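Colleague: Next come the chains, spelled out residue by residue.
Number of protein chains: 2
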Amino acid sequence: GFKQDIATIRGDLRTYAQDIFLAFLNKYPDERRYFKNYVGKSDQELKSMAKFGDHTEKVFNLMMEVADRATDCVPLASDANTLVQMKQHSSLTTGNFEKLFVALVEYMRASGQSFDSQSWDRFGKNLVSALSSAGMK
Amino acid sequence: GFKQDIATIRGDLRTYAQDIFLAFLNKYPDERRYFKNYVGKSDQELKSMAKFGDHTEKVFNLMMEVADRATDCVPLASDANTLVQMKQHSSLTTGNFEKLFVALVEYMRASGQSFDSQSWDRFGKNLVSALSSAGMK
Ligand code: HEM
Ligand code: HEM
Ligand SMILES: Oc1c(Br)cc(Br)cc1Br
Ligand SMILES: Oc1c(Br)cc(Br)cc1Br
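Protein chains in written order, with the deposited numbering: chain A, 1 to 137; chain B, 1 to 137.
Hint data in this document are derived by calculation from the structure and do not stem from the laboratory. C-beta: ideal position from N, C-alpha, C; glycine also. You can trust all of the hints, since none of them are fake.
Label-pair distances were calculated between CB atoms; the ranges are:
(1) A:15 x B:15: 55 to 63 Å
(2) B:85 x A:65: 23 to 31 Å
(3) B:91 x A:86: 39 to 47 Å
(4) B:62 x A:81: 26 to 34 Å
(5) B:91 x A:98: 44 to 52 Å
Here are the simulated BS3-like pairs of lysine-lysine, each with C-alpha atoms no more than 25 Å apart in a straight line:
(6) A:125 x B:3
(7) A:125 x A:27
(8) B:87 x B:36
(9) A:36 x A:87
(10) A:87 x A:137
(11) A:36 x A:51
(12) A:3 x B:125
(13) B:41 x B:99
(14) A:125 x B:125
Please construct the entire structure, taking both the sequences and the accompanying hints into account.
Modeller: Dropping the structure here:
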């Protein structure tokens, strides 16, 4: 289930973080505009840039913390607030987060590995509601 | 489902509230010691008391609001805090609530009406967790 999925992802965090992030950018290419230093760079070029592996792992580490602190896929409002008031997220809307979770779920469903993808979808919906409540447009 | 069950209970609140609260007191007769003048009385006696129906309606009125404000059967922390801080609940521990929800779930399973009894069980467990988080012993 969802708790096992957190363990699966954490076990190989750098690989899953990179693969899911690239799945997100591939499905929604116009989203790459928010990551100016990744424009025009192939996947292998990205993975040789220190900040790409660092960014992505840290993003997914925080996502996994928020996921682990949730109850029945309902995140803490305090965690939603952290995400909204990060300077790096200042120009985002809940739609950018909905896109990430659509890509993450699609990726889970397409993988060899046995994810509770319904629960990630629900977590994503609950997180979007909470981001909105914490002031994200 | 859970959401509709809230509407079902609200639609015949004083009847369901008395029936469920009676199921609780009959399953756990020692729980009458937190209340005044309940011992030594049959169900019909209790239901003709001045205060029994009124008190018990007020309990279920609030229980249904807590359930309605929940997401995925997870109550709000502010609702848990209210229940912990109420002067009328100063003698209570989370075990008292656990027992109430066990009886409530067992009433729903036995009833002729189509309740989502698994969701009420989850809600009760999540409420006990939230009461603990809010500092109830
Ligand atoms: C739950 C979802 C997300 C979590 C947990 C999250 C977490 C983070 C974290 C922890 C950082 C800082 C990393 C660092 O400084 O090394 C960050 C940076 C950033 N995030 Fe988010 N993020 C989320 C969703 C998004 C989405 C949906 C977008 C855009 C579509 C976005 C765009 C950015 C950008 C542009 C940066 C700056 C790049 C960097 O220096 O790391 N993030 N994210
Ligand atoms: C979600 C569960 C519960 C809710 C929403 C709740 C709500 C309330 C409310 C609104 C009152 C005020 C009633 C009034 O003054 O008319 C109350 C009183 C009280 N409650 Fe709770 N309650 C809950 C669980 C419990 C449990 C598990 C116990 C004990 C086993 C308990 C014991 C009392 C007592 C002793 C009073 C005052 C005496 C009385 O009303 O007869 N309640 N409850
Ligand atoms: O910050 C994130 C982004 Br941007 C995309 C995906 Br997919 C996951 C996270 Br966390
Ligand atoms: O009002 C309640 C009483 Br009195 C006991 C249990 Br257990 C649960 C509720 Br709600």
